[PDB]
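K.L.:
Residue strings, one per chain:
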Amino acid sequence: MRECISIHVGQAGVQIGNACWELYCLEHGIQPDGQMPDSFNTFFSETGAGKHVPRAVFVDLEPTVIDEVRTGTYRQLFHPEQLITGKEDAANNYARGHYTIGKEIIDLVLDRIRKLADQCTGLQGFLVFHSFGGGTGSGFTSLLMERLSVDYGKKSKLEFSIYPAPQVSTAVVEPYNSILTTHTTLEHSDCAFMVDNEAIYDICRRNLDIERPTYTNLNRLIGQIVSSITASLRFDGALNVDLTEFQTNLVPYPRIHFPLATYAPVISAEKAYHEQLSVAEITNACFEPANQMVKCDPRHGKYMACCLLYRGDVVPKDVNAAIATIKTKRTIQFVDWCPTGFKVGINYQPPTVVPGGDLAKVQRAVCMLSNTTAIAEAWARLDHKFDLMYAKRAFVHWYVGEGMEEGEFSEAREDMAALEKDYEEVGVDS
Amino acid sequence: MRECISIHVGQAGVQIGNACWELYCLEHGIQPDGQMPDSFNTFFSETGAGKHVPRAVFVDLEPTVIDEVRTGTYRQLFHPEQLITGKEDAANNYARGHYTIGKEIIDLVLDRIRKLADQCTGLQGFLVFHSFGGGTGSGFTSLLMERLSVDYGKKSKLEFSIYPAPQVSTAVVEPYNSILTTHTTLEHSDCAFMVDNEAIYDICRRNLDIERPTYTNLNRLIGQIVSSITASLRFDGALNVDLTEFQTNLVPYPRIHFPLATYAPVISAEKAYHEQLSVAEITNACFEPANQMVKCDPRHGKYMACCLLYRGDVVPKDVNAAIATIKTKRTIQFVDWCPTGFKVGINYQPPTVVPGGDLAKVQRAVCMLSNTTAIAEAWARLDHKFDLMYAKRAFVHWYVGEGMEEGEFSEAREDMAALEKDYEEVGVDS
Amino acid sequence: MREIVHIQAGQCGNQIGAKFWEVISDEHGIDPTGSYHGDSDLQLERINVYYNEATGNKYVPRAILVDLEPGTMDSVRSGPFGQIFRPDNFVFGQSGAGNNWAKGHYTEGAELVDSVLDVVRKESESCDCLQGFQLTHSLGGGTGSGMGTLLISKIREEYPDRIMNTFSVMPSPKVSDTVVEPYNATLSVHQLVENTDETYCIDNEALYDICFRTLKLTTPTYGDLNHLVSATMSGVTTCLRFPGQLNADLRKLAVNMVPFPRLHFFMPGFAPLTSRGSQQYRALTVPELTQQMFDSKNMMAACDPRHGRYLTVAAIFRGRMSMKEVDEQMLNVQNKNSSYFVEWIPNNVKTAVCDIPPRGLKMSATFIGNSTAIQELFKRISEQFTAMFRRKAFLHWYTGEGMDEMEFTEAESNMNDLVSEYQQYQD
Amino acid sequence: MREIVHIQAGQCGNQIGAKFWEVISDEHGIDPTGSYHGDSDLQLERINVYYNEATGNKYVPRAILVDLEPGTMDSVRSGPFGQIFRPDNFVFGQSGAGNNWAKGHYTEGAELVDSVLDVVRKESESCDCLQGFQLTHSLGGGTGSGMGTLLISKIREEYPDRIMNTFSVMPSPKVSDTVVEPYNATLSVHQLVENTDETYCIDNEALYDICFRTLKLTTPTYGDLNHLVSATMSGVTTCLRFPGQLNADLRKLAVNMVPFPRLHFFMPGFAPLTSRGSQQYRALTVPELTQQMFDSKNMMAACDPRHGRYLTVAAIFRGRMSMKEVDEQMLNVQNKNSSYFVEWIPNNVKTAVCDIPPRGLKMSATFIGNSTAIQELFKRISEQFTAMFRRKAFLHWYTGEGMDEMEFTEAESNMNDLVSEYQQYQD
Amino acid sequence: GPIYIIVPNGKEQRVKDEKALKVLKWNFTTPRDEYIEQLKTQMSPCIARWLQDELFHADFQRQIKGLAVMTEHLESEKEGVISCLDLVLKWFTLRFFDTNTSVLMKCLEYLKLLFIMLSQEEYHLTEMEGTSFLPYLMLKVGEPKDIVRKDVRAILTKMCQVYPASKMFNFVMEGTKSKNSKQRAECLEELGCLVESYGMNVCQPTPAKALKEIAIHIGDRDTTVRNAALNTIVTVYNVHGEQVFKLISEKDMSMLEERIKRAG
Ligand SMILES: Nc1nc2c(ncn2[C@@H]2O[C@H](COP(=O)(O)OP(=O)(O)OP(=O)(O)O)[C@@H](O)[C@H]2O)c(=O)[nH]1
Ligand SMILES: Nc1nc2c(ncn2[C@@H]2O[C@H](COP(=O)(O)OP(=O)(O)OP(=O)(O)O)[C@@H](O)[C@H]2O)c(=O)[nH]1
Ligand SMILES: [Mg+2]
Ligand SMILES: [Mg+2]
Ligand SMILES: [Mg+2]
Ligand SMILES: [Mg+2]
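Sequence order for the protein chains is H, Z, S, L and B. Mapping to the working numbering: the first sequence position 127 is 127, numbers consecutive. Heads up, the working numbering is the position in the second sequence plus 430, with the first residue counted as 1. Heads up, the working numbering is the position in the third sequence plus 860, with the first residue counted as 1. Heads up, the working numbering is the position in the fourth sequence plus 1287, with the first residue counted as 1. Heads up, the working numbering is the position in the fifth sequence plus 1714, with the first residue counted as 1.
If you are wondering where the hints come from, they were derived from the structure by calculation, not from laboratory data. Be a bit skeptical, because a hint or two may be false.
No more than 27 angstroms apart at the CA atoms, straight line, and that leaves these computed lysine-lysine pairs for DSS-like [as the list claims (entries may be wrong)]:
hint : chain 1 : residue 1 : chain 2 : residue 2
1    : H       : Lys-392   : L       : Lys-1666
2    : Z       : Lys-517   : S       : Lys-982
3    : H       : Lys-154   : Z       : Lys-545
4    : B       : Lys-1896  : L       : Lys-1409
5    : H       : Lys-103   : B       : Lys-1960
6    : L       : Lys-1441  : B       : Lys-1864
7    : S       : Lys-1157  : B       : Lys-1893
8    : Z       : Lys-585   : Z       : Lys-533
9    : Z       : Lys-545   : H       : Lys-115
10   : H       : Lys-115   : Z       : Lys-701
11   : S       : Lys-1196  : B       : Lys-1965
12   : Z       : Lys-822   : B       : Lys-1739
13   : S       : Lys-1076  : L       : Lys-1409
14   : B       : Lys-1864  : S       : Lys-1034
15   : B       : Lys-1736  : S       : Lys-1034
16   : Z       : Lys-533   : Z       : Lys-545
17   : B       : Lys-1864  : B       : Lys-1896
18   : L       : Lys-1666  : S       : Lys-1196
19   : S       : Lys-1196  : L       : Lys-1441
If you want the ones that stay clear, here's a sample from chain B, every Cβ over 10 angstroms from chain L, calculated [stated by the list, open to error]:
hint : residue
20   : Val-1729
21   : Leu-1753
22   : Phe-1774
23   : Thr-1785
24   : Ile-1930
25   : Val-1958
By construction, the Cβ of each residue, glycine as well, lies at the ideal position given by its N, Cα and C atoms.
Chain H extracted, bound-state conformation:
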């Protein structure tokens, strides 16, 4: 039981999933060819004798990154009809990924998802990995989610999205794609975690002392975060947090489901020996604004609910002391309608370290997951960018020529503004 199905859409989703699945294989002791020389049933299906296949689907409209998976070290782990390719990529276009190109592949993706979910009996939900800025990872993710919502209904749809930075953005039409995918992931996602690449870059350079990080290190940290999410399903501890407990304790209102991801300790090997990584220290480092995985300031926001996922050599007493010390901090303010906003899970399994990775081996680790009103600032600046690039109607003809119409641009903008308005409505005291 307690299965979950991982979905990786686009180049960002596939490259995050590569690190995620090497981390899961290292955590469960599975060799890259599938052999194990129990508890792996959350992510793996056992076939025949000595063969574990991941419960994942890799989707991209271009075949390049999927061919990297097919010709890489993990050829034997995945079977080829879990790795689905199109012919032409969505080319940074929401309309191409949603209507023109994604519709010839969505049926086979649904067929493979149905075959993958038929062999599982205790399906907790879906994990969706994609980027808001890309054409495929926005449009096809929106189409897949709005179809999964009616095919499955009340299954939890947790997604991990690469949200574009205020400054660091690799494409021009990313505000269009991000707006037109948030217009659908508002109502087709049970919980959506945003990830900002600029924030991961700053975290890498400051904490890990890496001068020139790349996408690989970013995906390693994201895989560590998702491993901390699902470690309660995969292992056992003093306090266990299922996905339903998680959503109940993190989502106060059905539209308010955009928490912030953090991870601690993020440290290097040579800096590991000097630091006494007590529970209180990494708990404090979770709430420190420069360790946020999204470029936003929690001081100018207010916390609503934060979920604390501990793993390793952790006892509940110094955890309770850590929440006591957090509550007596005056710079970390909570809303008046949530007298206690801490959901704590302690897991016995310490986090594994990937060979060749940048993270040091630590006894304890925290993944603090806060629903806060500070996430609306990134939305505000991306809406400023969208309004600037929409006033002159730049790049609109590409979207109009691929089957989508200008009314969708408009209604996505008022939808996104209404979401912001709901956020300052729930942020204010009474």
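We have chain H already, so just place chains Z, S, L and B with the ligands on it with the hints.
P.N.:
Below, chains Z, S, L and B with the ligands alone, put in the same frame as chain H:
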């Protein structure tokens, strides 16, 4: 006892018989010279000391494929007067195979069939292998089944026919020949299994990952289907299905004897290792329209009765769970007058694989044989092609010059429409 | 077992048939001395379709050499593979037809046609199960035109149930050799309407177009032109001679391509056809044979098939092939070019696949196309006939041999009838 | 898989295409005999985008070589890497356009474009999933300027959903080689703006400027000029042929770089470009490539980007590179030079990074910029056209081949309209 | 003198010549010889020689001055225009396939004046004239130019009152199967404007089929072909309502509903 006599008519029948008898030789451990270094008596006769001769007849009006058998690997298996050979082929003419050329061979093949039937004391029935578009495989098969019905009577006659495809057709006068052989296989057959070459091409390309399949793979799959038919006689299992039992549980009305074959699992060797091919998965895969052996959509039809023939490491409990899950599944709908429409037989022996074959070795396999109303649409498009070609009286002079009247064309079309009317009449509810 | 009797009329027919017998002897491994020297056992299983057995493991062709000039007999005998033919089958006159259909048909051919009938009867009961005849000739002359016509008439009187094949060379006004092409061509197409089961219309203009444009051959001769026709003639009867996945004899092609009895005039074609410099830049696959066969530049009649509609098309593939790839290719050419196929014949394509490719190639195919663009070839002959016949030119040569004026008017009339029938089914 | 059909028109287009196919075959490890002799498996993984498989492990370019002079065809075939091209793809005339846009577009290219279109259709249905076309030509002549534009029209009427790529060598008044450059350039620019999805403006003046002051080449020939252009064309399609950390095909660059459909004239650039003497005194770092590729010295069009505003910029990176360093360099470029970037597009620059660098280089960058300074190149041609056209000079050559003064008037009118569009979006 | 010669019973003589297969019918794709010397034969007794040897001359200046000479003689000599209307439209079909655009624009100006004059004289254009001119006009309606587009649109607009709309619907529908993408797009918007101008009875042979072949172009790879097809569907939708669905997939269909809901 429990003997069956195979009849192979035309090029398609002879090549399918080559693949079939190769499969039976490997299944019963019989070397291609008749030697083996019991349960073989169903298909093989014992001669003297250590010689097993097939209970088959190979009929063709051209000497090409029969001399391929006579000079091939299995030249010692058959004795030469089981392989009856004409001089001029029927040349895709039903009239030539029925009246002009077939009359000089039919007495000889009936004499050989009479001597072959005198060898066995427990004759279950006849297995007929032919194609509809061919001149010999339609005309001579019609003549032979007429003669078999008048000579033997109540003996069961199961036929395996290669139906023409909607689009993939190799001859021009295929609709004429196919209509004219349906006109007689309504009344002179007890169970007709339809096989469509385009469907086998799709199955091979998708499931077996063969870029360029040929007729050999098609005949190997058909031989596997017939082996799954007759394994209940040949070997013993938990539940055994005789051919009379098969017809009793599958044929609800005497004119409705056209079930639809399918085989599961059809997989490759590299795709075998990643799938835990349980009973439930292959049972669900039988009802998938993509795995049907005829190009038709069962969703547009209604299942009257279906026969499940499991072989291998199969237990009745998860079989019953599989029928339970099929009954709960909405997209497979049964006709209201058949509250239970499942005939189940489990055989102990797993299916054997052939060297050079593309099917992987599996623990379990199943051949599901469904009598559904979705077969009538292939009939409808065949009638459309026949009406288009007969409106202009194209190619009719070839048939008329060989001893045939246009009234036979008219009555064949009228009886074919009557068959379609019967199928749509039993399709509706009450 | 399904033997074929081969007949050769006129100089063009004799040369084409000599090249044809050379390529068949190369295919079955027969040396120029007539003995078997092949390697495969499949080369001897169906040796009897074209060759008779002689004492000493020697195979003689079932060929009949007909001409009204003994010079062609000497040229055939003295050439390569000329010592394998039976000397009793060389039937020749001494005067020559003189490019006269009347002399070849009525006054000079009547004395020689009895000897040809005796020889073809001796070959007919020399074989076990005869299935038909093959006659190679040209329609521009007098011996190919007159003798071949009268021979076809007598054979169809004697053997009405056998398949009559003619590989007839049409005259074209562009590459014009003689002056009296229209008269001979019209008086011959008259009798090939009702006395041949299938006719392969071949034009020297299209063969020269192949040798110039496709083969890039800087100096084609008649040998290079006859090699193409020989490749086609070998490709038609391949399934009779060699095993395959989907066999098709002559009668099967006739059934599948003659929807109405007067429409049996085909456009032959061959694939692949490579240049010496262009051979390295091509990947020998089924789809390129499919596109080469249906290309208009590949046809061996000077007709553009895009001007009309394909009634039926045949495809005799040779070599180890996938049936799925062949079938999807012939589906693709029907779907992409649906404006070029007739609408009341679903699946206009007949497909045949043989396992044995021709020598020097690992896969090949022969195209045979029953198109409505055949009438373009007959418009030209009709208008050329009308131009010469309105002023009664060259009639005194034909009238002096006992022919009346009504034979020309009648032949032009039912030629126009055949043209109107093809136009009717073109729609 | 995502195949690209390459077309070469004119002498300059044929020479740049020859250099481009040489550098592409060097990147994929293809010898001049067409056989793969590389070392990495990545070189064969996406070989189909530019090459067709042949028999015996041979790769032929998917290239169509078009000229109205057979001398350029002979020069390409006799040169290095000339034996890999398919001889059927050499489509040539015999007269030549004579630096006349009328003769290329209406008189001689009109009949030769049918054979060109036949070859293009052959290459289009030979490939699995076509995505676009590449044309290399010049605008000063008559063949590439006139026939190549007509050719662009004939593909775009037939394959309209594919990407029309043009590496067009624009004329400049400094290196002005013929007299009727303004007429041909003006008549060619008008059909480029509605028929090309994106157009790369190459200028020989900027190429000579790069070879003089950047590479310090004391005597650059046309081969050294075409090497830079070939490196640029190979740089654009890198993410199609090789894997990378951030992939971007032709359509991705077209979407991110064309805000309004008539603004698709890009000035390209390449980095690094080092002299032999100055090579060892340079650091192979991302900031060095970033500083070089955004310099006005490195532009391959004779336009100063400081005289206009960048609408969008495409940066294609090759080699094992860090994503943070690339992104922070792009951000620093946009922050420090905010006056040169347009303000209503936030983050004008697109980034794409490929893992495989060019041969003999640790890392490389390709600049593609959509600047409003490209109007200066059009204003120079516009004033040169107006000077020639006010006095009706050289018009009897164009009028006598079928043209009229009227379409000269519309060509000047809408090319001035394109200048006005770039001006209004410059602000 | 007058440039025409009225042949008593000349057009109907040509018509009975072409129905009985004595002259070659107008149905081809590329120009050939035998067709043009056919026009030299039955064109001869109708218009005088000094215009004959200049309308079939290789140079285009002689062509344009000859068609100008017909242009001053259009109003004054309308009966000779009517008497051999089939032959002048027949030669109009010849000057379509050449690449010179000056002759194209001059001819289509003369076409404009011609259908104005045939409109005001209440002449009904016959069947063989339509079958010989209209499908050959349907490839002059897909050029990349901007004034020839609008003026051939004016030609096909001002032809509507001298020929029944039901027959021209088929010929403008027939052009939607060629390779030139633009002319599929503009023929679909032409189908849209003929539907809203004459109702539902204009479509031939049955409404259901015609709504089916104007629906497959929604799945076209082109963008303006798809846009014009969707525009045609909503144009027939806004006039007639909800029965267009039964007269008419997984990708095209949803785009059809979203377009008709945003337009409606
Ligand atoms: N963190 C992270 N972000 C990535 C990665 N790969 C791409 N991105 C980001 O994702 C966005 C681009 O989306 P792709 O994933 O490149 O787009 P796609 O989703 O494949 O869509 P198309 O390429 O348009 O078909 C940009 O913001 C990239 O910076 C990755 O491995 N890690
Ligand atoms: N599945 C399959 N179909 C075949 C095979 N051989 C022929 N066919 C099909 O059968 C039909 C042709 O009938 P043949 O069996 O070829 O005809 P015949 O029965 O030999 O008849 P004549 O040759 O006319 O005397 C076509 O649909 C062929 O594609 C085969 O081995 N397997
Ligand atoms: Mg992508
Ligand atoms: Mg047969
Ligand atoms: Mg002679
Ligand atoms: Mg030149």
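K.L.:
With reference to the structure, classify each hint as holding or not holding.
P.N.:
These are the hints, each one checked on the structure:
no.	hint	result
1	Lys-392(H) <-> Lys-1666(L)	25 angstroms, holds
2	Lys-517(Z) <-> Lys-982(S)	21 angstroms, holds
3	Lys-154(H) <-> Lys-545(Z)	68 angstroms, violated
4	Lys-1896(B) <-> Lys-1409(L)	22 angstroms, holds
5	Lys-103(H) <-> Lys-1960(B)	23 angstroms, holds
6	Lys-1441(L) <-> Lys-1864(B)	21 angstroms, holds
7	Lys-1157(S) <-> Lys-1893(B)	21 angstroms, holds
8	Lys-585(Z) <-> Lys-533(Z)	23 angstroms, holds
9	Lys-545(Z) <-> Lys-115(H)	52 angstroms, violated
10	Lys-115(H) <-> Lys-701(Z)	15 angstroms, holds
11	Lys-1196(S) <-> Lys-1965(B)	23 angstroms, holds
12	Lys-822(Z) <-> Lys-1739(B)	24 angstroms, holds
13	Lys-1076(S) <-> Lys-1409(L)	19 angstroms, holds
14	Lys-1864(B) <-> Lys-1034(S)	45 angstroms, violated
15	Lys-1736(B) <-> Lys-1034(S)	24 angstroms, holds
16	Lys-533(Z) <-> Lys-545(Z)	19 angstroms, holds
17	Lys-1864(B) <-> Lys-1896(B)	13 angstroms, holds
18	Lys-1666(L) <-> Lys-1196(S)	47 angstroms, violated
19	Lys-1196(S) <-> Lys-1441(L)	20 angstroms, holds
20	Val-1729	34 angstroms, holds
21	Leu-1753	22 angstroms, holds
22	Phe-1774	6 angstroms, violated
23	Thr-1785	17 angstroms, holds
24	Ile-1930	16 angstroms, holds
25	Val-1958	27 angstroms, holds
Consistency note: the structure conflicts with the earlier hints numbered 3, 9, 14, 18, 22.
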